[PDB]
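These are the residues of each chain, in order.
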Amino acid sequence: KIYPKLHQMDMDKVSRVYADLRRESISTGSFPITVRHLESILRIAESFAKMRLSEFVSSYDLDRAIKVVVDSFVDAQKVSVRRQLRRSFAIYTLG
Amino acid sequence: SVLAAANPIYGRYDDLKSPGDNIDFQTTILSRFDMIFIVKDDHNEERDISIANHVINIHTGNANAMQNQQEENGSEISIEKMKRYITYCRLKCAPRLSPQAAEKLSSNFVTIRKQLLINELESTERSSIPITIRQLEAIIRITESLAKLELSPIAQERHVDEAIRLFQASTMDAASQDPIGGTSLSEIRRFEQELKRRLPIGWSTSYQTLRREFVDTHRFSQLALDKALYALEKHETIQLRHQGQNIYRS
Amino acid sequence: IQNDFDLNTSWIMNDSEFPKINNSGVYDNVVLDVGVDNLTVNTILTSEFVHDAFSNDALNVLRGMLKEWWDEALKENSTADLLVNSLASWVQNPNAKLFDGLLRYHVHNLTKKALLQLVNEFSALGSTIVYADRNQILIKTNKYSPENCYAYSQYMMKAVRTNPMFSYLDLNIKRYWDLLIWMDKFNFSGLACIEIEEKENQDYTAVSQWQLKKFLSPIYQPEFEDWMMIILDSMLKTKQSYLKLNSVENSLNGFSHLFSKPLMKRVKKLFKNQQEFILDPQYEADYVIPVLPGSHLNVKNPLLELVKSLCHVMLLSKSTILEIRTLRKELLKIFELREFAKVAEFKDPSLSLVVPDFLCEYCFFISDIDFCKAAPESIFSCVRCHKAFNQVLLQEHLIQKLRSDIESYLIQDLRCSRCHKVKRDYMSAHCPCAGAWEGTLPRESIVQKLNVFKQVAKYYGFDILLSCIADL
Amino acid sequence: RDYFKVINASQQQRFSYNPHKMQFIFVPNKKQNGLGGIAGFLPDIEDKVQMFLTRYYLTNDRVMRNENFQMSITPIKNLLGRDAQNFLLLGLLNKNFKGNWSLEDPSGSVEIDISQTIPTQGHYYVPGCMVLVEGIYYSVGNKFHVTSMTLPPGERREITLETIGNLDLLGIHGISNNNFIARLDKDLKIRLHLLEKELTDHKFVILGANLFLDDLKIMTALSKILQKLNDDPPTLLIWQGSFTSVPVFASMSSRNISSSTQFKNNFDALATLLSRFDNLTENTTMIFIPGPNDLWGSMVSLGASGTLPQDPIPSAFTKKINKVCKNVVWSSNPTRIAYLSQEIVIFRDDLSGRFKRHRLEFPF
Ligand SMILES: [Zn+2]
Ligand SMILES: [Zn+2]
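Residue numbers (the UniProt record's numbering), protein chains in the order written: chain W, 773 to 867; chain B, 518 to 699, 706 to 773; chain E, 1701 to 1747, 1777 to 1975, 1995 to 2220; chain C, 167 to 236, 266 to 559.
Among these hints, one or two may not hold up.
[Said to hold, decoys possible] Label pairs and their calculated CB-CB ranges:
no.	chain 1	residue 1	chain 2	residue 2	range
1	E	2103	C	393	56 to 64 Å
2	C	369	E	2040	49 to 57 Å
3	C	440	E	2133	30 to 38 Å
4	C	206	W	854	30 to 38 Å
5	C	179	E	2040	37 to 45 Å
6	C	545	E	2040	30 to 38 Å
7	B	773	C	417	48 to 56 Å
8	B	623	E	2103	55 to 63 Å
9	E	2113	C	440	28 to 36 Å
10	C	393	B	616	55 to 63 Å
11	C	302	B	695	45 to 53 Å
Think of the hints as simulated: they come from the structure by calculation, not from any bench. Heads up, the beta-carbon is just placed ideally off N, CA and C, and yes, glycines get one too.
Sequences and hints are given; from them, build the entire structure.
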């Protein structure tokens, strides 16, 4: 029954995060990031909205989704750069 | 008509790898095709910002409005009207060439054939994307299809130039892209020492004088130009300005 | 042949800009403010195929001339000293006979190379370059107390002087910085001591030079200065506490905890008062946005720019970024805005228009001058001597700069779109590959430059420059 | 006299050209339809791309209209596949990036050969000029072995006009615009016959170049000329050449008179010298033409050659001549005046040395 809707979300935060993920990545490492992951972030946000039986996506759900995606990306690198990337990406998921 | 989508070996194109072993299609099958487009991914963060904004807006919450205005200001037409227009044009028109267009086509074909021979002679292996008479027929058909858009009985230079531009794009993107594939390099080090030794930062020399001196020595003309444009491509401390005469060292 | 126009010559006359280095940030370490003198003479004395080369025979001749000049000036000769002082002004000035642009370009290039070599030498030991210029160099010292940098600074100066390349440099130390908040030449604040003394605690005087404060509403500038003083005092207190205890540095970590709640309450009161008294007719005097040459930002709510500046000055720490971001988000929650909105992004409220190498005959002193960012009572007077400049010379040099800009734009080259190769055909539709030509110099840049020329000519009384523009 | 005008290069009407239709096309003036509040005089990027195309198009049309040529020329690019055959071509003769002489065409470019070239004497073969080339192509390299070079011929005013009727390019009776095109030939003979009478009374006199307003000898000579010219004032008096013997630029001395102030002072004396010649001032109009090293050019070129469409003398430095004399006009370096049936172009610069120094050499 529940179909969430997506209106009041930050355009610039998500766009800048996608730009940052396009940076580093293949330009420094090997994991591929494409436009599919932006839609994945949106889908995870909609799923988190679904879990509350809510018809509209709030900001906290977007924060949870972006935290999950950033953590999953950063926790799959070498041990030489993991701490550096962890402190580099800490500005998007302050909470 | 066949519209085919395919992926190269190893996923991404891997430009550092030779173009010969990134595509597994034989020469015969590629000849029948006449528009080969290699779409590569790139990162500069401005196109990335634009694409992110485009997708974020195209989420159904907003696009459902904006596209409507495209049908209200007359900037675009609906799909069914386009279908009617294409079937009408297919039924009615069938354009034809002109002698000036034929001469331009012949000259362009000879030029591209000679450039292909030059690239093959430098590379010393057979090109993975061939150029044959089928490509000339292809360019002719592209010109005729372009003339067919406006229901013009006769095809002229205005369509031929755009067709030649499209073929140049689809050729320089795939066939003639990095033909070198990355005397050997012993001279390469030997040259690069001489420029640093004899040409300091901020000064410049004429192209003709450097070419003259290095053809006078063992370097010769062919070796100089390739790494000249390579060091320009490196762009760390070599800049071109004022046509092809001022070799500025940045 | 010299009367004929040529591309290389026209490029070598008008490339007179001197680059500089500026690394923003907050430093809890001691910083040495030094000055370099007689750089050009040292550069001259120290150190076929290439067509832009100046005749080395004349260069060696003048080097020997200057060497005997220096030797004679050493042995009690006022005339030789004065002539050596005027040598640089002779080199720059084209009105003097026997002038050549190639020699001037060669000298300038050698001076730039010497300056970068000096920077490299200063970077060999433990040091950090904060700012660099032809006249001023700021160097970060690894130590923490100014009293412990006496022999350190003296030994560094001695080692620099003893080097054969820098034998003729004169180095003077002006100020010692206990704690610095550096973001730009015209925008810094910190605590400084003139010269460290013995057995006595040094006299510390705080300075606050912020041209950014001039772009605020006449009612929020007292708040700006008060809060800046408060935060600087808090930073001093926390650094002193950390030092007394013994990319992270616990000298500053944890300084915003002292004033966060009072700042929040003050921002709430300011917002309420602005909401109540913004549309009143008699209270509209203090909310009028000032206009100053080089300004290009059109803004509505002054409190937003007040808090944006108060947060951007904080954001220079580069080590306590998370705390500053949390405080910024909390401040933005007072407004009905969000963290990553465009309206909540700080920019530079002023443009830049710099005239390079303005000469003071009373000093033979060479420095740039910024017509937009620099405050008055300094455009019209020399930096060292307090002698008034001649105004028609300033206006004439501005006209020269504008005309040179127009010519440089008109003489630009064309670059392809997809590949960045240069156009090598006198006439062709487009690149052999896909893509159309574009110019190296965009139109919007020169349009904005002409706009800032209009603003500058309107702020001061410059009739000749106005007539110069009107003739176009 | 009336019914004549003097126009500069800034206000000249803009007419483009199109090869495929072979007509001149009016272009709207950016001054009239555009705003121009801040910066409207800056040309856009593609103008430098199209300028050589337009020049080549006009030259090719002029060549094709010739009586002799009805033999046919061939494009450069069509020379790729054939050899051992003679051809006729024309294009920009210049130097390539390598350092050899080449011919450029809207289609392509080739390399030239000069070792056995016999020219048509009486022509200054300078790089950058269109030349008709005859020779044999060889595919061993890319060498076009030339046997003769000749500049394209010319045409007269009447035949040039009649192809476009009698267009009002320098239109004094009427002007054209984007909406429509105009023409007129009925009043031309009337104006010709009007010119045939009272033409001796309507005399105009021109002086030499580089007249300096600083030395005493030139002022004495000018006074001697003016005392002779006062009794019989001409119609148009044209002052041409550089009015200051030293180029004006930045002044680095604050102890003596600045260059701009001295330049202003040089014209204030002319206002005094015109006070004793009220007949010439009252009955004759003044024309001033900038030279190589006036205020605007020498400001950046420092007395050397530079941009050709020079701005007129600035109004801030001629605030007394316009009040002393009732008719003074400042024009650009190229200026156009339109009489009743005559059009005049004045072009002040050096040509002999420019053509002599850069003359291309022919082995013999
Ligand atoms: Zn001074
Ligand atoms: Zn290109």
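Range hint 49 to 57 Å (beta carbons of residue 369 of chain C and residue 2040 of chain E) holds or violated: holds (51 Å)
Assessment of proposed distance window 48 to 56 Å (beta carbons of residue 773 of chain B, residue 417 of chain C): holds (54 Å)
Outcome for the supplied range 55 to 63 Å, where the beta carbon pair is residue 393 of chain C and residue 616 of chain B: Given about 59 Å between the Cβ atoms, the range holds.
Assessment of proposed distance window 30 to 38 Å (beta carbons of residue 545 of chain C, residue 2040 of chain E): Cβ of residue 545 of chain C to Cβ of residue 2040 of chain E: about 48 Å, so the range 30 to 38 Å is violated.
Residue 206 of chain C paired with residue 854 of chain W, Cβ distance criterion 30 to 38 Å: violated (57 Å)
Hint check for residue 2040 of chain E and residue 179 of chain C - Cβ pair distance inside 37 to 45 Å: holds (43 Å)
Hint check for residue 2103 of chain E and residue 623 of chain B - Cβ pair distance inside 55 to 63 Å: Holds, since residue 623 of chain B and residue 2103 of chain E (Cβ atoms, about 59 Å apart) stay within the stated range.
Distance restraint evaluation - residue 440 of chain C, residue 2133 of chain E, Cβ atoms, bounds 30 to 38 Å: Between residue 440 of chain C and residue 2133 of chain E, where Cβ atoms are some 35 Å apart, the hint holds.
Residue 2103 of chain E versus residue 393 of chain C beta-carbon gap, inside 56 to 64 Å or not: holds (58 Å)
Residue 2113 of chain E paired with residue 440 of chain C, Cβ distance criterion 28 to 36 Å: holds (33 Å)
Cβ distance range 45 to 53 Å for residue 302 of chain C and residue 695 of chain B, holds or violated: Cβ of residue 302 of chain C to Cβ of residue 695 of chain B: about 28 Å, so the range 45 to 53 Å is violated.
The structure shown violates the earlier hints numbered 4, 6 and 11.
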